[PDB]
Amino acid sequence: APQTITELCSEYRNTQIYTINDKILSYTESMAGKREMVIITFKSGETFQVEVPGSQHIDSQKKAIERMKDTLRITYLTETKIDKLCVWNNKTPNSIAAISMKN
Amino acid sequence: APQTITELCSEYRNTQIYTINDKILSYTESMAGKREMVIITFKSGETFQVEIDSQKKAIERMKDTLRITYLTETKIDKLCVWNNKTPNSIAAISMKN
Amino acid sequence: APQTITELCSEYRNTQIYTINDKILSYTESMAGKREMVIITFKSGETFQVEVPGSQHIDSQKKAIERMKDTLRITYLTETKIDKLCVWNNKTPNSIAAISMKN
Amino acid sequence: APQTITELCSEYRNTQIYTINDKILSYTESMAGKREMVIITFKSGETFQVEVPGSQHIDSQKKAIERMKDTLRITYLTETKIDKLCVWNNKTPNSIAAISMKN
Amino acid sequence: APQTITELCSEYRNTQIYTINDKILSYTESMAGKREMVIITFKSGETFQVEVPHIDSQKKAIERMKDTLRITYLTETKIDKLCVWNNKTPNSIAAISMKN
Ligand SMILES: CC(=O)N[C@H]1[C@H](OC[C@H]2O[C@@H](O[C@H]3[C@H](O)[C@@H](O)[C@H](O)O[C@@H]3CO)[C@H](O)[C@@H](O[C@@H]3O[C@H](CO)[C@@H](O[C@@H]4O[C@H](CO)[C@H](O)[C@H](O)[C@H]4O)[C@H](O)[C@H]3NC(C)=O)[C@H]2O)O[C@H](CO)[C@@H](O[C@@H]2O[C@H](CO)[C@H](O)[C@H](O)[C@H]2O)[C@@H]1O
Ligand code: NA
Ligand code: NA
Ligand code: NA
Ligand code: NA
Ligand code: NA
Ligand code: NA
Ligand code: NA
Ligand code: NA
Ligand code: NA
Ligand code: NA
Ligand code: NA
Ligand code: NA
Ligand code: NA
Ligand code: NA
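Respectively, the protein sequence lines represent chains H, G, F, E and D. Numbered by the deposited numbering, the letters in the first sequence go through residues 1 to 103 in order. Numbered by the deposited numbering, the letters in the second sequence go through residues 1 to 51, 58 to 103 in order. Numbered by the deposited numbering, the letters in the third sequence go through residues 1 to 103 in order. Numbered by the deposited numbering, the letters in the fourth sequence go through residues 1 to 103 in order. Numbered by the deposited numbering, the letters in the fifth sequence go through residues 1 to 53, 57 to 103 in order.
Think of the hints as simulated: they come from the structure by calculation, not from any bench. Just to be clear, a hint being listed does not mean it is correct.
[As the list claims (entries may be wrong)] Pair ranges (Cβ atoms, derived):
#, chain 1, residue 1, chain 2, residue 2, range
1, H, 35, G, 22, 38 to 48 Å
2, D, 22, G, 44, 39 to 49 Å
3, H, 103, G, 79, 45 to 55 Å
4, H, 35, D, 33, 18 to 28 Å
5, G, 44, E, 12, 45 to 55 Å
6, E, 16, G, 14, 29 to 39 Å
7, H, 59, G, 19, 33 to 43 Å
8, H, 47, G, 89, 21 to 31 Å
9, G, 44, D, 79, 50 to 60 Å
10, G, 14, E, 12, 52 to 62 Å
11, D, 22, E, 89, 45 to 55 Å
12, E, 3, D, 3, 30 to 40 Å
[Said to hold, decoys possible] The calculated DSSO-like cross-link candidates involving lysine-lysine, where the alpha carbons are at most 30 Å apart (straight line), are:
#, chain 1, residue 1, chain 2, residue 2
13, D, 43, E, 62
14, H, 63, H, 23
15, G, 69, G, 102
16, G, 81, G, 23
17, H, 102, E, 69
18, H, 81, H, 102
19, H, 23, G, 34
20, H, 43, D, 63
21, G, 34, H, 81
22, F, 81, F, 102
23, F, 43, H, 34
24, F, 81, F, 91
25, H, 34, G, 102
26, G, 43, G, 91
27, E, 102, F, 102
28, D, 102, F, 34
29, G, 43, H, 63
30, G, 63, G, 23
31, D, 34, D, 102
32, D, 102, H, 62
33, F, 62, G, 102
34, E, 34, D, 69
35, G, 102, F, 43
36, H, 91, H, 63
37, E, 34, F, 23
38, D, 34, H, 34
39, E, 62, F, 102
40, D, 81, G, 63
Beta carbons: idealized from backbone N, C-alpha and C, even for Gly.
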């Protein structure tokens with residue numbers, strides 16, 4: 001298996017690493033029908049989502065989507081710094097595939 | 001997908017934005033009725049509640071979010087609410103600062 | 001719908017308000033037998049429970065009981081003040097129907 | 001129903017109270033081989049476990065075991081003092097039936 | 001039953017104890033398809049994974068271990084030892100102990 005977020009990101013076609021080195025500025029959570037999603041923003045200007053679950057997700061990803069939303073909420077509330085994001089760069093906004101937290 | 005709570009709120013009928021800019025004053029949780037109800041109030045006097059499988063998971067998540075937001079004294083920026091319920095029902099929450 | 005715990009509690013038979021205005025003194029969690037009790041006590045001497053009733057089989061009611069047990073545990077660990085409890089007064093100790101926290 | 005962990009523990013022949021009055025010294029969590037177990041130790045030298053028994057198949061009993069594992073982890077990480085444990089003395093390490101926290 | 005992480009680790013082939021005595025430097029979580037995994041690193045240079053999910060009880064234990072590593076990281080809690088499957092890349096966590 002990959003040993004870093006950068007190695008993991010390199011295994012997929014539509015993915016890109018963003019170096020963030022910052023805490024989350026804003027956390028938005030929606031339970032509105034067809035938009036059950038989380039949006040995060042940084043003071044540096046980047047906005048990212050965790051996508052609404054759909055056919056782009058295999059069964060093993062359903063629990064992982066719920067875990068990632070849990071992780072973003074507690075990361076926001078604790079003002080924990082995000083090091084890197086691996087994102088699907090074909091979505092609007094960019095969709096989080098993996099997160100690393102450091103410092 | 002929308003990139004802000006204001007853009008998301010604009011996609012639905014019977015919704016409006018409340019600008020809160022404050023921490024939750026009170027958190028109430030009840031299992032007395034047919035549906036579990038969570039009610040939050042602000043010092044302004046404004047009161048809000050929480051109303058397929060993906061919709062059930064999102065309702066449980068929103069209740070979890072309001073509880074931990076209350077306990078951590080975290081400031082709420084905006085709420086997107088359904089204004090056809092009394093008290094108004096939360097569709098989305100944003101937190102900043 | 002009700003806007004306060006006092007209004008909500010007035011809608012139910014065999015319920016009363018206890019005004020607490022205090023943090024939980026002790027938290028007890030048991031998986032002995034089938035009631036799976038959580039017991040909280042206050043410095044006042046008052047004791048309350050959250051239990052799974054023998055009669056209770058409906059999934060949404062079980063999820064609400066699990067949520068209330070989660071709320072009492074994190075309220076205890078964070079030393080958060082409880083304002084009021086709405087309790088079923090026909091059980092010993094009284095069983096919690098609703099909780100409010102303020103201040 | 002019982003109002004204290006000592007009263008609850010007295011209802012079962014194969015249980016006994018250990019009075020701890022201390023935080024957990026060590027927390028061990030294992031998913032090696034067939035049964036997940038959690039082991040806690042105290043400075044006194046006393047050691048206790050939470051596991052799902054091989055015989056145990058009922059969903060409500062599994063949910064209570066998962067809750068107790070969650071409670072021991074957050075109690076350890078928050079350095080929260082344990083008052084008493086009610087334990088099954090049927091096997092070693094003794095298995096936790098109930099936990100109380102105070103002070 | 002075993003009373004220590006060393007005793008638990010000894011029951012299985014392909015396991016090793018690592019003495020860590022340190023807080024986690026970085027926590028990585030992925031929801032990418034076929035790589036739903038956690039990676040943790042230490043400033044001392046060690047990297048470990050929690051593997052992609057086994058019967059249902061093993062899947063629940065993997066989800067619990069990922070939960071434990073996240074809150075251990077956020078609380079800056081010291082890890083004493085790890086029991087790892089040493090045949091996996093990176094080494095895969097079978098058990099964790101925390102003290103001090
Ligand atoms: C369009 C294209 O160029 N396709 C390539 C192919 O690329 C990889 C993809 O293969 C699909 O399967 C192919 C299958 O291999 C073919 O044999 C069959 O005929 O067509 C199928 C359909 O294309 C997989 O279905 C793809 O999986 C999906 O991949 C997308 C990413 O693109 C994922 O979506 C992402 O999801 C995440 C969340 O999980 C985010 O939301 C993100 O935003 C979103 O983008 C899906 O999750 C994923 N789904 C599943 C179920 O896994 C993908 O793996 O590669 C093959 C082999 O290299 C090429 O085949 C070659 O084609 C050339 C002609 O170009 C020539 O004929 C060769 O002989 C032949 O091998 C395809 O052309
Ligand atoms: Na932006
Ligand atoms: Na701050
Ligand atoms: Na803050
Ligand atoms: Na407070
Ligand atoms: Na405060
Ligand atoms: Na039980
Ligand atoms: Na304190
Ligand atoms: Na006993
Ligand atoms: Na300490
Ligand atoms: Na304390
Ligand atoms: Na070390
Ligand atoms: Na920190
Ligand atoms: Na620090
Ligand atoms: Na600590």
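Hints, one by one, checked against the model:
For the pair residue 35 (chain H) and residue 22 (chain G), the supplied restraint of 38 to 48 Å is violated, since their beta-carbon distance comes to about 25 Å. Between residue 22 (chain D) and residue 44 (chain G) the C-beta distance comes to about 47 Å, which sits within the given range of 39 to 49 Å. Remark: the range hint 45 to 55 Å for residue 103 (chain H) to residue 79 (chain G) is contradicted by a beta-carbon distance near 25 Å. The hint said 18 to 28 Å for the Cβ distance between residue 35 (chain H) and residue 33 (chain D), and at roughly 22 Å that hint holds.
For the pair residue 44 (chain G) and residue 12 (chain E), the supplied restraint of 45 to 55 Å holds, since their beta-carbon distance comes to about 52 Å. Separated by about 59 Å at the C-beta atoms, residue 16 (chain E) and residue 14 (chain G) break the suggested range of 29 to 39 Å. Checked against the given bound of 33 to 43 Å, the beta carbons of residue 59 (chain H) and residue 19 (chain G), roughly 40 Å apart, stay inside it. As the Cβ distance of residue 47 (chain H) to residue 89 (chain G) is approximately 27 Å, the hint placing it in 21 to 31 Å holds.
Between residue 44 (chain G) and residue 79 (chain D) the C-beta distance comes to about 37 Å, which lies outside the given range of 50 to 60 Å. The supplied range of 52 to 62 Å is met by residue 14 (chain G) and residue 12 (chain E), whose beta-carbon atoms lie about 54 Å from each other. The given range of 45 to 55 Å is broken by residue 22 (chain D) and residue 89 (chain E), whose C-beta atoms sit roughly 37 Å from each other. At roughly 33 Å, the beta carbons of residue 3 (chain E) and residue 3 (chain D) sit within the given window of 30 to 40 Å.
Restraint check for residue 43 (chain D) and residue 62 (chain E): the C-alpha separation of about 38 Å exceeds 30 Å, so the hint is violated. Straight-line distance between C-alpha atoms of residue 63 (chain H) and residue 23 (chain H) comes to about 25 Å, which keeps the hinted pair within the 30 Å bound. The hinted pair formed by residue 69 (chain G) and residue 102 (chain G) meets the criterion: a straight-line CA distance of about 19 Å does not exceed 30 Å. A C-alpha spacing of about 4 Å is found between residue 81 (chain G) and residue 23 (chain G), which places the hinted pair at or below 30 Å, so the restraint holds.
Taking the CA atoms of residue 102 (chain H) and residue 69 (chain E), the gap is about 27 Å. The hint holds against a cut of 30 Å. Taking the CA atoms of residue 81 (chain H) and residue 102 (chain H), the gap is near 6 Å; set against the 30 Å cutoff, the hint holds. Among the hinted pairs, residue 23 (chain H) with residue 34 (chain G) is inconsistent with the structure: their alpha-carbon atoms are about 40 Å apart, more than 30 Å. This hinted pair does not check out: residue 43 (chain H) and residue 63 (chain D) have alpha carbons roughly 37 Å apart, beyond 30 Å.
This hinted pair does not check out: residue 34 (chain G) and residue 81 (chain H) have alpha carbons roughly 41 Å apart, beyond 30 Å. Of the supplied pair hints, the one linking residue 81 (chain F) and residue 102 (chain F) holds, its CA atoms being roughly 7 Å apart against a limit of 30 Å. At roughly 48 Å between alpha-carbon atoms, residue 43 (chain F) and residue 34 (chain H) are farther apart than 30 Å, so this suggested pair is violated. Only pairs whose Cα atoms come within 30 Å are accepted, and residue 81 (chain F) paired with residue 91 (chain F) is accepted, the gap being roughly 24 Å.
With a C-alpha separation of about 24 Å, the suggested pairing of residue 34 (chain H) with residue 102 (chain G) holds against the 30 Å cut-off. With a C-alpha separation of about 21 Å, the suggested pairing of residue 43 (chain G) with residue 91 (chain G) holds against the 30 Å cut-off. Proposed proximity of residue 102 (chain E) and residue 102 (chain F) is supported: the alpha carbons are some 22 Å apart, at most 30 Å. Our distance criterion of 30 Å between C-alpha atoms is broken by residue 102 (chain D) and residue 34 (chain F), whose separation comes to about 33 Å.
With a C-alpha separation of about 37 Å, the suggested pairing of residue 43 (chain G) with residue 63 (chain H) is violated against the 30 Å cut-off. With a C-alpha separation of about 25 Å, the suggested pairing of residue 63 (chain G) with residue 23 (chain G) holds against the 30 Å cut-off. Distance restraint check for residue 34 (chain D) and residue 102 (chain D): the Cα-Cα separation of roughly 34 Å exceeds the 30 Å cut-off, and the hinted pair is therefore not satisfied. This hinted pair does not check out: residue 102 (chain D) and residue 62 (chain H) have alpha carbons roughly 34 Å apart, beyond 30 Å.
Using a Cα cut-off of 30 Å, the hinted pair residue 62 (chain F) and residue 102 (chain G) is violated, with the two alpha carbons roughly 34 Å apart. As the CA atoms of residue 34 (chain E) and residue 69 (chain D) are separated by approximately 18 Å, the hinted pair is consistent with the 30 Å bound. Of the pairs offered as hints, the one joining residue 102 (chain G) and residue 43 (chain F) is violated, with about 37 Å between alpha carbons and a cut-off of 30 Å exceeded. With a CA separation close to 21 Å, the supplied pair residue 91 (chain H) and residue 63 (chain H) stays within the 30 Å bound.
For the given pair, residue 34 (chain E) sits about 41 Å from residue 23 (chain F) by alpha-carbon distance, which is inconsistent with the 30 Å threshold. The suggested pairing of residue 34 (chain D) with residue 34 (chain H) holds, with an alpha-carbon distance near 25 Å, which does not exceed 30 Å. Taken as a hint, the residue 62 (chain E) and residue 102 (chain F) pair is broken in the structure, with Cα atoms around 34 Å apart against an allowance of 30 Å. Simply put, residue 81 (chain D) and residue 63 (chain G) have alpha-carbon atoms about 33 Å apart, too far for the 30 Å limit, and the pair is violated.
Hints 1, 3, 6, 9, 11, 13, 19, 20, 21, 23, 28, 29, 31, 32, 33, 35, 37, 39 and 40 from the list above are not met by this structure, while the remaining hints are.
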